[PDB]
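*Asks:* So you can see what is in the structure, the chains are spelled out below.
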Amino acid sequence: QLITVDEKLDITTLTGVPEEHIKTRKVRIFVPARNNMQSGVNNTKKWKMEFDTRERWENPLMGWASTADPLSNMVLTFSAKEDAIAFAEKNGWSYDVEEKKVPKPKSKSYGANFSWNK
Amino acid sequence: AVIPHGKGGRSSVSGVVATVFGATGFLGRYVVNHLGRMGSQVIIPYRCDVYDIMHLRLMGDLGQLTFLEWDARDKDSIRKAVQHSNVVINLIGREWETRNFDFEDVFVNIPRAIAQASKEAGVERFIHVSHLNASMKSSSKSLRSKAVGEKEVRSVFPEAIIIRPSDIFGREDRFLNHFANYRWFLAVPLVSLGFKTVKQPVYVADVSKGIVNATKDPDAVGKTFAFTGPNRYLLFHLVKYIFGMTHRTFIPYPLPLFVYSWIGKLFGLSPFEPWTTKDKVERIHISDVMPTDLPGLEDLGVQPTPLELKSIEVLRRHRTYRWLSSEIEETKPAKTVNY
Amino acid sequence: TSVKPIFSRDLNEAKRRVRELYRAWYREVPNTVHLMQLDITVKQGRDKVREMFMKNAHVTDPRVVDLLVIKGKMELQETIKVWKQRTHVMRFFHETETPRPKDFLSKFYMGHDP
Amino acid sequence: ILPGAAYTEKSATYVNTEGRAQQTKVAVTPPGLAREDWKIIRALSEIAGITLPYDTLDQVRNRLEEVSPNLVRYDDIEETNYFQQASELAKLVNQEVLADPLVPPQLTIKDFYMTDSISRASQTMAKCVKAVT
Amino acid sequence: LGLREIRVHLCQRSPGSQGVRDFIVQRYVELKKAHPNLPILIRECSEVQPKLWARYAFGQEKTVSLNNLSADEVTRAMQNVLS
Amino acid sequence: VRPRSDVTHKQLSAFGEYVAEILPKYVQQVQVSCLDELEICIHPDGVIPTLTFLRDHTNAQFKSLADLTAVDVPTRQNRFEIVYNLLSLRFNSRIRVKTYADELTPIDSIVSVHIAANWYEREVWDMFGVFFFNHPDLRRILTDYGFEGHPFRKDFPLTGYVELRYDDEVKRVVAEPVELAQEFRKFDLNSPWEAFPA
Amino acid sequence: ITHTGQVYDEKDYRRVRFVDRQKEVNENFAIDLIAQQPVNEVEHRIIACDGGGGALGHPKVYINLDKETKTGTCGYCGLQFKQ
Amino acid sequence: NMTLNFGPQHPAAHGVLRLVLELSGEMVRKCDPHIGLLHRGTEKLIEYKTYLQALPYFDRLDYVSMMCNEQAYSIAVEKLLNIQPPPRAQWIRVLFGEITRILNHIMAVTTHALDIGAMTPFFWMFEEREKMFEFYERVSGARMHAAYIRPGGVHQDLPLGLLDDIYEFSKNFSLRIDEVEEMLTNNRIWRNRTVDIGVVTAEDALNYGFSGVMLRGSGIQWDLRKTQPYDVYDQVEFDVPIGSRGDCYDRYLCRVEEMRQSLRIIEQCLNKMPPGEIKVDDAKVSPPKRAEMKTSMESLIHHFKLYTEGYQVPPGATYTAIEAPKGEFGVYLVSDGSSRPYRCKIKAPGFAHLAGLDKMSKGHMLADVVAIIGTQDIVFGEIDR
Ligand SMILES: NC(=O)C1=CN([C@@H]2O[C@H](COP(=O)(O)OP(=O)(O)OC[C@H]3O[C@@H](n4cnc5c(N)ncnc54)[C@H](OP(=O)(O)O)[C@@H]3O)[C@@H](O)[C@H]2O)C=CC1
Ligand SMILES: [Zn+2]
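Residue numbers (PDB author numbering), protein chains in the order written: chain Q, 51 to 168; chain P, 39 to 377; chain W, 18 to 131; chain G, 583 to 715; chain S, 14 to 96; chain C, 46 to 243; chain R, 31 to 113; chain D, 79 to 463.
Since the hints were derived computationally from the structure, they do not count as laboratory data.
One thing to keep in mind: the hints can contain errors.
Okay, the calculated beta carbon distance ranges per label pair [claimed, not checked]:
| no. | chain 1 | residue 1 | chain 2 | residue 2 | range |
| --- | --- | --- | --- | --- | --- |
| 1 | C | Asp101 | Q | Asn92 | 44 to 50 Å |
| 2 | Q | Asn92 | G | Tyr656 | 25 to 31 Å |
| 3 | Q | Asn92 | R | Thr99 | 25 to 31 Å |
| 4 | R | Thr34 | D | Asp242 | 56 to 62 Å |
| 5 | Q | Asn92 | D | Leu240 | 41 to 47 Å |
| 6 | C | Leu203 | R | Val69 | 35 to 41 Å |
Using 30 Å as the maximum straight-line C-alpha spacing, the simulated DSSO-like pairs for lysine-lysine come out as follows [what the hints assert, rightly or not]:
| no. | chain 1 | residue 1 | chain 2 | residue 2 |
| --- | --- | --- | --- | --- |
| 7 | C | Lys108 | D | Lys362 |
| 8 | Q | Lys95 | D | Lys108 |
| 9 | W | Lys119 | G | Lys692 |
Beta carbons: idealized from backbone N, C-alpha and C, even for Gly.
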């Protein structure tokens, strides 16, 4: 038989994350925009949640960038806004969702460019 | 300067480029450890062959530890070591006057030339280390000579911090191992049967951390700190305690020092690092001075660590298979003497 | 809601298991400090056990608790059946790492991102 | 000199002209010992004894909520306005518009390229300025 | 009690705020004319009941809830604030 | 273009129906890839029953367990997708039975059905955190003895949170929070243009 | 010093690295070595620089030497050609 | 049964194996092998890399069979793309596939003996190995860890002259195997330490997923190369060396026999390798030839995109298994439409074999455990992945 729990699945205790990176890390759920350089829209389809950016100090010996934040390069991809919000809640990371913004329909017709008076 | 970036561990930057001339030492090893952990740039002048300084390589990160060939008699070597350092730490010291280096040299002569150059270089701060209770009149030539130095270096380098540590307690230290190694000797001589020479040990790390903190703090200038310890001890309990953890019989038998200074002279004649020193002997029975002075530990940010706490690690190698598993709890503690 | 029970039907039954594990660890701390020649105090270690057992005191859900002891039991097994040597155990004490201050002024003085 | 950051280097909020509040995200960590503007002032306060109640951004924000609404709701223009009462007070105010013609300071595009600090410090903007001149 | 600022965080199109907004429409101008320096801030919260925040001298802020309050009660509460 | 024989896509397809019919209480979906591979999908409760039927049925003997794995689709409510690939040396065919398990909803263990799984199930617990009831001895296999966190989870940082170095002061190896000297450069590689309807 | 004027400041400590060691640099600098090669006076508006050696060279590109004032320079070799 | 923690004593090696054991005197009561001393993350790292930059990981998974492993990923990526390699490339892969099998068996048989105590067979056959490596180097550039077999065929055609040398060697290697034999197959002592040690039943071998010589040694007839042909291993003719009275000695004999059968397959490949191209002609999957990318725009664009971004495999998942020298090596490669994989569980013939150590070494002496780790050809890279 099933048991009842109203407790938001929080599994922060099982994930195995250091305390500092669960209480000081804000992740943003956003649908990636399109670099204006290209006109393809296949990278503006799935929602992604990305952890907040952290220190990137220069390395003294070779000048390479060096980072102390483990969750930096991690960007998880989630198909829908609801599912991504769920991941933040059970993992205990703070979230600030940004609504998808899709190009509004625009009316175009080759005839217009040859308008008597535009 | 070097803006400090990073999270605080290795592969991070703290901005302390520091020449440390006597790093190979027991204290030294620890000084490079924290400096390297913090991410500081550490230049380690060395004279012993590379084989012996390998232990320092893994400490610190790549391009964070630089080793330079240096000779005390040759002034030029000290010159180039401090060329690009902004912090100079001097730990040059020995217990046995060696054929080609006298207590003056190791304590006063050399440590002067060093700070002297450091100034010419324009190093922001110099930390000079001299033994505790070091009167210009103290019996042991060593202590007196060290006293002579702390004065001089002040004229070569004004406002140069002068930490003055007590005999140090740590693995690979003498204070604790020496007594424990008296096992070979069937009887363990103790002047005045180990009484009236109350001693206050200080963990090596505490000393190291303290020293490091000095490098990164403006409060210490011309300060003559004294890292001391968390509890004093009559030499009797110390000796027995040691033997206690070592689990080896303790047979305190008093030995007239006048004769014992002679025993120190004997081993002193040894060509290979005399084990005891006439100058040592005196030092050992030289009572620890009282604590009224610019405070060291705690004052510089580290709370001293009681001897009993880590003694188990320092004295473990001296036990026998039978007692190896034995732990601190099983053993008893020694007693302090606010006297 | 409407979850399936992993091993404990309710926080009550689950807590029973936590009690057992605590006891287990409590009885074990001394042995480890001796079989690993660790330089720690049994009392000290036993407090650490308490620390951990409470670090996760907030969990209210029965399922999460049950896994927590499964995992906890596994750790004990690695320390009583000794496959975890000192380096592994002492890590719990975070002995070498330098503690970070949590005071705002402290962080301000040191890190760009607190 | 208490160095701060720039909008490429902090999670601050700005608002344009029709009140749409918007959030800058930290693209690069601030340089040198330089720190986020809000913290320098929270820290100066702690060194002064009146210590601002906010210690984490999310808190500084909650603060913005009590003094003003737009600041916390992002991407959201505020619909209603009260023009009618504004006019009543305008009618009370009596002032003379001087005959001097009103002139925008940016008369031609060289006027435009260098205005703010970052702009002024631009080698690219400087190259653009000399190209016009 | 030195009054420096009063913030009326009304919430537009909210049932309770009706009174607050009515106050703004009918008496705001008057209050300002009377106190022509004091800054009375009309701001628009959301999903929050109205609040007449008041900042007194030396950085003390005080709160009076205006949820579901009539136009004159809002007027009376505002008048009580600048005593 | 690879050569494809539809003989298999027909044989395997039929078998799929056969399995489904015989085990309708658990089979949710049964598909054959365009690569001629069958992939019965079963409710997690059908782990024991569906495997056993395949291990011990004259018309479908699937004696050895090729592999037990768990993809992790973070979006999917049931995060893990335990996949069991089996081989039938008698009929020279392989099938894959895949179930879904969330982090704290354990799956049954099949060590009974195939003892090969004794190790792989420990591997899935260590990397992904799924738990297997009735397992003889479930304990970390691949990760370090004191490792905290399940590594192959998509939400775990590659570099991880801890790294090891030898410290002289303490004369013993010691974890420290990871500090990397050249962070993994995260090249973005997806192109903004799709390839086909698929 | 180096190709890009990389010269540690008189106070930088990476100079400690060079203490008792050679800072590796190359006397042969490209910015200069290409200059020596003379402009090729081709007699066709557009010529191609395959890079010398065909497959053992650089991707083939055609240069427009039409501008009478300037000379075409292969984005790859740096070789210059004029009509 | 005093736990001895043997194996961190470098006693059977094959990697680093902490075989915690409980031994009543010289009898083993229970063996609990520990693994992960060589876990390195190969499966997670691949998710962050493109298909072609994850090919070098496969050579490192079990590096005694450097290439055969690469063929398994190749095949897998080719299936997902529904592309097949050109005819010459297929024969090559079977040519170097087999050469690699020999290399593995020379490793397994000779390293087995070194632990047993016979040391001269290793030096005899490591010289032959050496000669083979040179084939790798003159074909790929690297002695081992070549990266020659890529997802769409081979990387570069064989040097002009290799085939002839892969002949001279093959023409003689037999005698070298024959010699080892005169030293071990019938040694009055090899037999003893190997015969009737680690017998595994037929039903139990299938049950514990052994899938390798270990199954074949017990008499089960299964060679994925004959049952499910991959590449052109169908066009060759070889005899699987099945065994009876499966035990360390019998399986050994099987490994010496596949060394023999692989020479039969190599001969053919040299006799019948076709003229042709060594990589698919779809610039979409295979990188364009360097003369073409330096003279044709479509080729540069295809070179730039392929190296910088990737294949862009169509979404799907496949489990493809070959017959790596150790046993069934399979890659389950789940793939989203992206150029970088999503999952790539490597089935290692070896994760299953080690598990069997417990059910094989029961009531056995310390020396028996050493013999059984040898008869499983455990390369800790594949097990730990
Ligand atoms: N109990 C203690 O240790 C106490 C120490 N101190 C002071 O702290 C300092 C460090 O002590 P400790 O580390 O134990 O000393 P050590 O005996 O460990 O030697 C310290 C370092 O000094 C170097 N050194 C010694 N003589 C010369 C020389 N003639 N020329 C060049 N280098 C030399 C050594 O290098 P190398 O070995 O390569 O010659 C060594 O690395 C000492 O100067 C001492 O006065 C003070 C109170 C107590
Ligand atoms: Zn050119």
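*Asks:* Next, verify each hint and record whether it holds.
*Replies:* Hint by hint, here is what the structure shows:
Checked against the hint of 44 to 50 Å, the pair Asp101/C and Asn92/Q passes, with Cβ atoms roughly 47 Å apart. The beta-carbon spacing between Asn92/Q and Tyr656/G, approximately 27 Å, falls within the hinted interval of 25 to 31 Å. Taken as a hint, the range 25 to 31 Å is violated for the pair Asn92/Q and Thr99/R, whose Cβ atoms sit roughly 45 Å apart. For the pair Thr34/R and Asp242/D, the supplied restraint of 56 to 62 Å is violated, since their beta-carbon distance comes to about 51 Å.
A C-beta distance of roughly 44 Å is found between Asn92/Q and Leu240/D, which places it inside the suggested range of 41 to 47 Å. At roughly 51 Å, the beta-carbon separation of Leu203/C and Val69/R lies outside the given 35 to 41 Å, and the hint is violated. At most 30 Å may separate the alpha-carbon atoms for a hinted pair to count; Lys108/C and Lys362/D exceed this at roughly 40 Å. Taken as a hint, the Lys95/Q and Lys108/D pair is broken in the structure, with Cα atoms around 55 Å apart against an allowance of 30 Å.
The straight-line distance between the Cα atoms of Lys119/W and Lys692/G is roughly 50 Å, outside the 30 Å bound, and the hint therefore fails.
Of the numbered hints listed earlier, those contradicted by the structure are 3, 4, 6, 7, 8 and 9.
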